[PDB]
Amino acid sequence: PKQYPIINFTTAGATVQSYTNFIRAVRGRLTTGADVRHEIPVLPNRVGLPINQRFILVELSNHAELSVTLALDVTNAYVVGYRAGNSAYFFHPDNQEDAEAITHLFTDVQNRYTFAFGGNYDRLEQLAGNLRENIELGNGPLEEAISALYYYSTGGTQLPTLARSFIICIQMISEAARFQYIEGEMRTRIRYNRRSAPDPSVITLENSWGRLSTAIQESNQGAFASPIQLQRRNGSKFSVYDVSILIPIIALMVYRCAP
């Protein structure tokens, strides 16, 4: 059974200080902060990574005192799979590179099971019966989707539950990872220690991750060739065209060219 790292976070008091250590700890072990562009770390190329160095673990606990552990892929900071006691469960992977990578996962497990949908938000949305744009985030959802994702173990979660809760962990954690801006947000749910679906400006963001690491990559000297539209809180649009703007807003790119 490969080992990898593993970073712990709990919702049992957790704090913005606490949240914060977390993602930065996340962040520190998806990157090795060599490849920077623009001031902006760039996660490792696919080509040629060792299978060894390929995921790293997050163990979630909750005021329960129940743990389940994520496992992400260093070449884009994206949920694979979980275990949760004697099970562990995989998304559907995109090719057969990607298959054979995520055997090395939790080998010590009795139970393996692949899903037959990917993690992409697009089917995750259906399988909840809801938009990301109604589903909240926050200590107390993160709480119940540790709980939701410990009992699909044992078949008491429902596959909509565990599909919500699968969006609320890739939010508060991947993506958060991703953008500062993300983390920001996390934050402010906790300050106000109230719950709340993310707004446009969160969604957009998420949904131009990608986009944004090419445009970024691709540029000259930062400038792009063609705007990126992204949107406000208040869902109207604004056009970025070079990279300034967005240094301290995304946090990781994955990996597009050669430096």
Second form
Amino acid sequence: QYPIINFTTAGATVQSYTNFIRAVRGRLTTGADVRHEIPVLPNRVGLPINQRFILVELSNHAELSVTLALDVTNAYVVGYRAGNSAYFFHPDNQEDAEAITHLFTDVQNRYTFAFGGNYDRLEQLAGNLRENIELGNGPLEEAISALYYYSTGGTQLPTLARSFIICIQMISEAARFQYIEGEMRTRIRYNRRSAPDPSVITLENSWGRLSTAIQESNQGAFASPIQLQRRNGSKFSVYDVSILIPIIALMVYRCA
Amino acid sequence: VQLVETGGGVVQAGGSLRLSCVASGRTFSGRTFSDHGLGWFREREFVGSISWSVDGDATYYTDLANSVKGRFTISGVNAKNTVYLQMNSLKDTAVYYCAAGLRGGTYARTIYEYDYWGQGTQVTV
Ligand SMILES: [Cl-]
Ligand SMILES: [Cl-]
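Can you give me the structure for the form deposited with the partner chain bound, which would complement the form deposited without the partner chain we have just seen?
Let's see the whole complex now, leading with the same chain.
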């Protein structure tokens, strides 16, 4: 089996959430191969299948359990497990398709959706953009229930898509960016729920590109700057890694 | 959301050709055309990409595959939702595609980092 990390929305605190994300990160990357002070995820290449994934088990106050599967090479959700059912996004290629076959062999029913996991597709199904979908302990508790009741036809696809967007952001993105972890912490501390602002969203969009620029950078300096947005939507550029140290936590592996 | 490439055609060896791709669709409309990154491909190989900039120095930044650096150039006109691919010293025959996405632009040299694709256009040296 793959490594399992636990979390519950019941009685959650800034500290329980922080422990959870730190634990996730710890399992995602060896910690070796760090660049400009930032840990880099394992190379998808020649990566033994028994090391390809990790598992994230979520529960809420309604006493319900769901288990998410993450790809350690990009920290993204590839599918999940709820009771006797396991569902998978549409793989980008055959190798990834072949890879996910090793997940949740523990169950009879294995489904693969016609749609992938990209925000654009999920937002279309959800009928809402990330900017309009609330995040926090509250939404996560409701996300867990929905994922759980999907085998009954009781939770509609938009609700499922919205739930995928919530989980991905509060887990995958939080793991990738200290910034976004801190964004959930703030929500959890004051027990408020609210949608991600343009600064969160643009970081999500740019994670792949930021990773690339840092690892190919001439000793920290990007060849060409990358443009992001502030909380108020105004735009600004970054020219080197130094400004990103307190912001990005993991990077996708690249050459060299 | 929807991209159409043109300018494809037959060129003599060592000549020049400019490809064109115009984008249109809901959501442009946050998610304006300017907030999307574009990339040219031609298996499928990365040719070059482009990101838009409102900073002081440039109106956009480009990224070219090594083999192409000293020959091809990329530009764009943001107000017309259009991006160009200027090819000099042709040799290179293939189908040229334009892709776009929130995760596209400079530093995105992989087909999976773009969520939208054009029909392509044929270039024969
Ligand atoms: Cl499968
Ligand atoms: Cl090296």
